[PDB]
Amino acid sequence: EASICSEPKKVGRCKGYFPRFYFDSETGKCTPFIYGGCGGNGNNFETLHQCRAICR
């Protein structure tokens, strides 16, 4: 529903290269990260716009 915004940043154990956005609780800003390709959670957005639309 949108408790996804409060889930922590999760890179996962995989070593792939997937640039994504998570909403950072501390800063209040949608922040880039390299997601590994497996085992992520809900705080993982494909675009900056998507993250801001949902979380802000």
Contents of the next structure:
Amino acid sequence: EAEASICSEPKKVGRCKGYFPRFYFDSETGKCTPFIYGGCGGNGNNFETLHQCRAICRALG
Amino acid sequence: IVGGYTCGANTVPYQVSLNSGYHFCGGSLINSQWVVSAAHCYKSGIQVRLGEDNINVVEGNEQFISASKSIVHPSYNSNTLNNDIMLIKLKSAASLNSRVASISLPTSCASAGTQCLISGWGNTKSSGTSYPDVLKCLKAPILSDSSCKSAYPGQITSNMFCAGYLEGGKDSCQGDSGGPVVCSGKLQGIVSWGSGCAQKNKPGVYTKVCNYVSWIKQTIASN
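The structure above corresponds to the form deposited without the partner chain; please give the structure of the form solved in complex with the partner chain next.
Now the complete complex, all chains and molecules, led by this one.
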């Protein structure tokens, strides 16, 4: 079964300048990856834990 | 803070750290029991850390105080970031000393060209991961409303101002949100947003504190 479309969305820090540790699926490296989210205007490719990211988007690389 | 300098221990005694098991936003002490921050920094069970320099090392002179109330502006809009301001009441009044002190609120709005001090523990680079241990500082001028709107078409409200440098290289960044912009000894701005950090023609955008002084006074008076 094909994965959700969110796995294809880009990393989006957004405009806000908070420090919110999150995870996103990097479609270039093919792995769930930590990033610092700003706190507003994010997309669906934005998870609170590594497992939550991996459950939606499994490693390809 | 990108392109700034090490403030020096406790040289910005109104600067606080908001902590949720880690530093996530800054804030400003405006009286012994109240802190001003950004609405997008709202969390439950916030611990306010006062008198900090090195956020990663226990010095012994810090004060940790739990938030008892956190109140965002009733007109805050998370999509446009209009009214990006929040008040945090401390469970107990902070002990005031040379390391923990309140910053005054303005009676009038500051003018373009005024040099201000912006501070925080945010990213010190415009990409990657370059987070400081100690508090960073930046001197930056308020930019004209016209240049702010040109930099961010259709995004600047009457409750925002730009400050910084159109050439890039010097700005606030992720981790600085909620922190102070102080001009002539008055809290004129709150670190809010921008397109990235320290990018050409993309200066930092700040909540216009002079527009909220009356709301602050009444909120304190009713809580």
